[PDB]
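4 protein chains.
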Amino acid sequence: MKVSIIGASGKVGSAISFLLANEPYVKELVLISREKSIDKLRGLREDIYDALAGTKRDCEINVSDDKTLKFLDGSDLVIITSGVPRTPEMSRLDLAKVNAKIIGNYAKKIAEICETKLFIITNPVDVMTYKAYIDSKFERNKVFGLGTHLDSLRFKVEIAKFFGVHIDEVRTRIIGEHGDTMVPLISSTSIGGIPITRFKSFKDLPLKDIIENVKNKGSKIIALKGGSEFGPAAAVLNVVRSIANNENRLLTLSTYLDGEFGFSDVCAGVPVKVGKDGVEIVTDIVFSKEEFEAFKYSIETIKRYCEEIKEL
Amino acid sequence: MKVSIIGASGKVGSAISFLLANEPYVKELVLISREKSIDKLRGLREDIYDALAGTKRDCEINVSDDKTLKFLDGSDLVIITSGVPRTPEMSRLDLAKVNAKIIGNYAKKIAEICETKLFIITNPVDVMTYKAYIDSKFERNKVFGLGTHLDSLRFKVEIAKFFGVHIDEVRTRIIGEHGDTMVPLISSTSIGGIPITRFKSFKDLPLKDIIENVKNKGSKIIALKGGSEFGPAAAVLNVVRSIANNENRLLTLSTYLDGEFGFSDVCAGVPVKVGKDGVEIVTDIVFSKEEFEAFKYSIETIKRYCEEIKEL
Amino acid sequence: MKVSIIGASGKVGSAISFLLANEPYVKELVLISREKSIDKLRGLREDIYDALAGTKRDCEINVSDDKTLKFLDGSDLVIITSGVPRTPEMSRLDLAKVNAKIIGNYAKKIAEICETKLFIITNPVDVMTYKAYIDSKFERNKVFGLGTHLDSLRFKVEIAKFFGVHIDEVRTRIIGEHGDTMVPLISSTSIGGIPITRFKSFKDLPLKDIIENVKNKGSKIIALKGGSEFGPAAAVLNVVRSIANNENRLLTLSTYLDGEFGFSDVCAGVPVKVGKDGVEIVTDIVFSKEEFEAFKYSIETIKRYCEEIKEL
Amino acid sequence: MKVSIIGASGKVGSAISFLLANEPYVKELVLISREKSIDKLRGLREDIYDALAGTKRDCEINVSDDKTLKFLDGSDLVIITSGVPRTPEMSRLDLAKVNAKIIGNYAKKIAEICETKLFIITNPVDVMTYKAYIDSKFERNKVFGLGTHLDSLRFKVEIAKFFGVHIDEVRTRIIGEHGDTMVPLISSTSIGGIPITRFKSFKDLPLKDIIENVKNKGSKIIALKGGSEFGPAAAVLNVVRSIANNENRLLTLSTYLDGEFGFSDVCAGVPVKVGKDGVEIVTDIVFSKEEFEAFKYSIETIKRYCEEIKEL
Ligand SMILES: NC(=O)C1=CN([C@@H]2O[C@H](COP(=O)(O)OP(=O)(O)OC[C@H]3O[C@@H](n4cnc5c(N)ncnc54)[C@H](OP(=O)(O)O)[C@@H]3O)[C@@H](O)[C@H]2O)C=CC1
Ligand SMILES: NC(=O)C1=CN([C@@H]2O[C@H](COP(=O)(O)OP(=O)(O)OC[C@H]3O[C@@H](n4cnc5c(N)ncnc54)[C@H](OP(=O)(O)O)[C@@H]3O)[C@@H](O)[C@H]2O)C=CC1
Ligand SMILES: NC(=O)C1=CN([C@@H]2O[C@H](COP(=O)(O)OP(=O)(O)OC[C@H]3O[C@@H](n4cnc5c(N)ncnc54)[C@H](OP(=O)(O)O)[C@@H]3O)[C@@H](O)[C@H]2O)C=CC1
Ligand SMILES: NC(=O)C1=CN([C@@H]2O[C@H](COP(=O)(O)OP(=O)(O)OC[C@H]3O[C@@H](n4cnc5c(N)ncnc54)[C@H](OP(=O)(O)O)[C@@H]3O)[C@@H](O)[C@H]2O)C=CC1
Ligand SMILES: [K+]
Ligand SMILES: [K+]
Ligand SMILES: [K+]
Ligand SMILES: [K+]
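Residue numbers (UniProt numbering), protein chains in the order written: chain V, 1 to 312; chain R, 1 to 312; chain C, 1 to 312; chain A, 1 to 312.
It is possible that part of the hints are untrue.
Because identical chains cannot be distinguished in the list, a pair is counted as satisfied if it fits within a single copy or across any two copies.
[As the list claims (entries may be wrong)] Heads up, simulated DSSO-like pairs for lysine-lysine below, C-alpha to C-alpha not over 30 Å straight-line: (1) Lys40 - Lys161; (2) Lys203 - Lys296; (3) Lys200 - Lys108; (4) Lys303 - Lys27; (5) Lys215 - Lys56; (6) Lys303 - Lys36; (7) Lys310 - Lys203; (8) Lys11 - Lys27; (9) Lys2 - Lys289; (10) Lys200 - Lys142; (11) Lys208 - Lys220; (12) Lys2 - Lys273; (13) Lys220 - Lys97; (14) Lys161 - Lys11; (15) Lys142 - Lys296; (16) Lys200 - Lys101; (17) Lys56 - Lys11; (18) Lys310 - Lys208; (19) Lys276 - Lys27; (20) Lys310 - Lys200; (21) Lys273 - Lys109.
Bear in mind the hints are in silico, worked out from the structure with no lab data behind them.
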């Protein structure tokens, strides 16, 4: 497998670079940054090589700038983490506009070079996935974002720590926006494979507070250590593992909707099977009326931003 | 296994925390920092939990300050990365004196709490291992530093990339000081288990350039990306994997010499077996005339610092 | 960890020996057989060692007869696969009686040597677990059998292959007897973490035929290949993995009931958490009315055999 | 990766099928046998599926007879373990003739269907590799046998157990015939990367006895348990892991010589790099006078048999 990472000079991109280089199937990794940051990438490469010597793994790493995009051609996957730091004097809309310009430029250049799969991490992840889709002119299954996957994993942590179980014993799914209008699917939450509603202690779960913790966790980590790096990198690792061996894992990822669930012209976190050819939306799942109404509200929340940045 | 990490607020300590929390046998992790950095640790913990949800692993993580050292009792291992940033005007001896005070204080406090193993990463690593040994009053096999292990892994990288082979195909051992007096053991360098001196292409290896590259790599990464992160953490992971399952791996780690090789009252990188009870020096290995001379010189170099910081 | 395997001369026992010797935490493995088969075990040991050389793993393997039980003392776990072939003229009760003698003899000898955990594979597995419990006099959480775990995994396979999903995507739980009275828990079946009943395609699943397949799979593999070996060995590996790192995985294993679900004096497959100290029955799960009724019937069926062998 | 196994109904082929199906990169496995043994393969398939459910792995397994060779087309690799048991009345030449007919027939049928790599396990492994190469008309880098690799691994075990070290700490290389004329490369024997001749304890190594044990291990395992299973399967696994991720591991495998080391028209165990495109002989290695004389003798020994079976 061949993976390029645009934004490897940041903390998230660097953690992703390290984790993916360590995967046995990742034979070639391409780190891409602005010209001024090339040296950072050169440091990262060396660091990662040292790390591989310790983990008994191997990889060949190339470095290029974000204009020529050399070595990008032929990539099975391009992960984009490039994004501006949102200053306190900015709105969600300001961040959306600026990062939309960045993501659209990169998507157009990538589409000019080759056909590949785009994995968007830049926030607002749903809106940036939408921008990447429209500007790349790729097939919609080839463009997806981390979206609510991270949220699901954080929710998992909460559940696992409240019930005092191994974190991997918990599975959960969150659909909709990677934001305050996210819709956790309690019906799709389980421990040891058993639905969480089948537990008598389920009544003791402070679900409302837990969901608020999930919605706030990104801001919390920003305030405490300056932002997440390992969490999102490992979520990306999980998705990439599904892609590399064509596992078709049922996850929640942001992708473009062309009629599914009665919605169109919007990117949102939905149930998807992730495999070598990208993302297939799973419509075979049945939602409760409450969950579907919250999902509708979330999609309509995303669409305002998408409309605002579509043609930038 | 229970591991405490004093200095997890730094980049090396953070990466070590992430990697070790991911190990299935590390069930308890204690992150320790100065009081003002507690919030950083609180971010790290959350981040790591998120990452574990992505890697299908699990851990219980606690946070404490570097004065109370709460939760440290019971640790099978204590890794110390705490250290002062070396300013441009500081010599190695100035750094040694400052960090020797820090390391000795931590060692005294830990020895007051319990008996455990100490894994010193703070530089100059040989001298800090010495200080930890003498201040802790622990058994010598219980006190060791990364030493020349990281140098050996970096040498592995250089060789593998020169000959174009998988990094894990190369094995090499470097003994002596983690510094300019390090002694590469070409007699114990191999590719595919084959001594490197049995390859006709060995004559083509620019050995002097490669060794200089290894000696200067820390500074190079400092200048390129701000300092090493993943390399050191993965080297620590390799050592800890040998410890957890009592593999008695033959590595080069810094530890106190009490007669081996005709030296005493010094810490230096030597071939050791790494197991659940610590490091055991391997004196059964035979060095070339030249390699033993170089190792003697390096030992003297290290002792000149150890004598200056012993009683601080 | 230290594991003894009584019955390693058979195919299931040999596969279990190979898989467990490869686990990094399994540092000592004791192979035990009747005297006449000691040579077989010797061969097995050599074979396994060669295999470890290929897998880059390690283990120390000892051999001993089933009378001295040398090297067994100190074992964290003892797995028993010794059993007689069921001939066409044998009733299920005839098999239970003949194998109860074997299991009870071994259990009494083991309890005379030391206290340990007993993992019973010999069929009829529920009845043999009961016999092991009464003859060892061990605490009930220390004695368990594979029970409906294998059936569970087989059910998983069926579902996955019908829906064309990765096998690890499916989770299911089967309780009751390891036999025709087993009770599949559709309320605890899921694909990608989503309850299977929330898929619109669930109506297409031929559940009755699949359950008959699971019930008959043992005999089918007997008729095709001469008996299962890899399936049960891997199921045992899954259980041991939960034990070794105290994961408390929620599985279905057979263990003695002392009041749970309104039953006592019987061993049956039930939800359990699997840890370093054995199995803890989980009563916090709520089955459907029909499922609990069928579970009651199955426990009665099992108890009828347990009463016949309690005094044998 | 797609792998076919001709001979999966035997014990070595069944163990290989289990191990390879468990590998994440092996998405499709084809089991091939004589028509009469097809049911056995069906059994094997079900068994392996059950095992995958326990290991959290996945695979698509197909079954076919050895005449139509259905599903074989498109295989990246075809492993041949088909061979008749050596009865006490047959000499090595008799066995070679019979198995040469089997191997040549299979090689021609495979080449008739598609181009692929052939991995020969059938004994005499060097002679059967020679026969497969000549009858398939494939490029020589695409045809290789396990050869002395297994021997090397067995030697590893011996060395490790003598020095009381973890098995993975030892590396060794044996070249020449998979038989009594094998040539151990003591220079290429190491512990922790340290050449074995640089240990003072090397004087105590009963080297000749260990070599005789290695030469006789196959017969010993046959006499004790009826033949090797897991050892050869794991050796195959190691090679296949090199192939699948193009690691180009430096191993000793049997392959056709066309001038390397001064020999031609023979298959023998030689140092090779094993990758996605097959084996590349490493002529860069230099042997001592004694090593080369032993290797030349072994080559002549093999050539006799090869000439006897070339036209069968
Ligand atoms: N989906 C999710 O759950 C998550 C989303 N994110 C998002 O990912 C992005 C990256 O986060 P993080 O790695 O922590 O951020 P950093 O600030 O550490 O890194 C930012 C990256 O973006 C690049 N960049 C910044 N401005 C520009 C620009 N104008 N043009 C091109 N490249 C630019 C930087 O390059 P340079 O070095 O030259 O400045 C660097 O590669 C953010 O938008 C963040 O919100 C992060 C975490 C989780
Ligand atoms: N042995 C080897 O091969 C290697 C050695 N190292 C050494 O590891 C150490 C850590 O490096 P790195 O993580 O990059 O450094 P960082 O600056 O990123 O982190 C330094 C750490 O030390 C703490 N610290 C700083 N000043 C003091 C002080 N006065 N008393 C106590 N603790 C203090 C910091 O706490 P706070 O956040 O509160 O400031 C933080 O936890 C250094 O000594 C470095 O040279 C690194 C790599 C390889
Ligand atoms: N729980 C489950 O889902 C499964 C249960 N099983 C059960 O596991 C057991 C082993 O199966 P399998 O490995 O295929 O059987 P094998 O016939 O291959 O091996 C039988 C084992 O039992 C020993 N044994 C046989 N007779 C006696 C006796 N009279 N006294 C003592 N030991 C004896 C054999 O020793 P020796 O070599 O000396 O004959 C050998 O170790 C059976 O009871 C089987 O039904 C198996 C698979 C699945
Ligand atoms: N290179 C090495 O280091 C090693 C080599 N080997 C070799 O591997 C081979 C297999 O050994 P093992 O698995 O233990 O043997 P088994 O007897 O267990 O299996 C034999 C296999 O060969 C098939 N077979 C036998 N006779 C014929 C025939 N006339 N035509 C076609 N297929 C036939 C069998 O098919 P069926 O079921 O229809 O009879 C079955 O698939 C042997 O040649 C053995 O010497 C083994 C171990 C190590
Ligand atoms: K890699
Ligand atoms: K852990
Ligand atoms: K082991
Ligand atoms: K597979």
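These are the hints, each one checked on the structure:
1. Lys40 - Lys161: between (37 Å within a copy, 20 Å between copies)
2. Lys203 - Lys296: both (27 Å within a copy, 26 Å between copies)
3. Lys200 - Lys108: This pair counts as neither: shortest intra-copy Cα distance 53 Å, inter-copy 39 Å.
4. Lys303 - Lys27: This pair counts as neither: shortest intra-copy Cα distance 38 Å, inter-copy 39 Å.
5. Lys215 - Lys56: Result: close only across copies, 22 Å inter versus 38 Å intra.
6. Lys303 - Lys36: neither (35 Å within a copy, 42 Å between copies)
7. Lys310 - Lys203: neither (44 Å within a copy, 41 Å between copies)
8. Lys11 - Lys27: both (22 Å within a copy, 26 Å between copies)
9. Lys2 - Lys289: neither (42 Å within a copy, 45 Å between copies)
10. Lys200 - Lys142: between (42 Å within a copy, 26 Å between copies)
11. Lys208 - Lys220: Intra 17 Å, inter 49 Å, cutoff 30 Å: intra-copy only.
12. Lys2 - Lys273: both (21 Å within a copy, 22 Å between copies)
13. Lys220 - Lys97: within (24 Å within a copy, 37 Å between copies)
14. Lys161 - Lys11: both (26 Å within a copy, 26 Å between copies)
15. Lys142 - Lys296: So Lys142 and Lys296 pass the 30 Å test inside one copy only (24 Å; across, 51 Å).
16. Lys200 - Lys101: For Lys200 and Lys101, neither the intra-copy (50 Å) nor the inter-copy (41 Å) Cα distance is at most 30 Å.
17. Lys56 - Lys11: For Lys56 and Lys11, both the intra-copy (23 Å) and inter-copy (22 Å) Cα distances are at most 30 Å.
18. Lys310 - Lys208: neither (34 Å within a copy, 51 Å between copies)
19. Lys276 - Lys27: both (16 Å within a copy, 12 Å between copies)
20. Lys310 - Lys200: Cα proximity of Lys310 and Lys200: none, with 48 Å in one copy and 35 Å across.
21. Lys273 - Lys109: within (27 Å within a copy, 39 Å between copies)
Violated hints, in rising order: 3, 4, 6, 7, 9, 16, 18, 20; the structure is consistent with all others.
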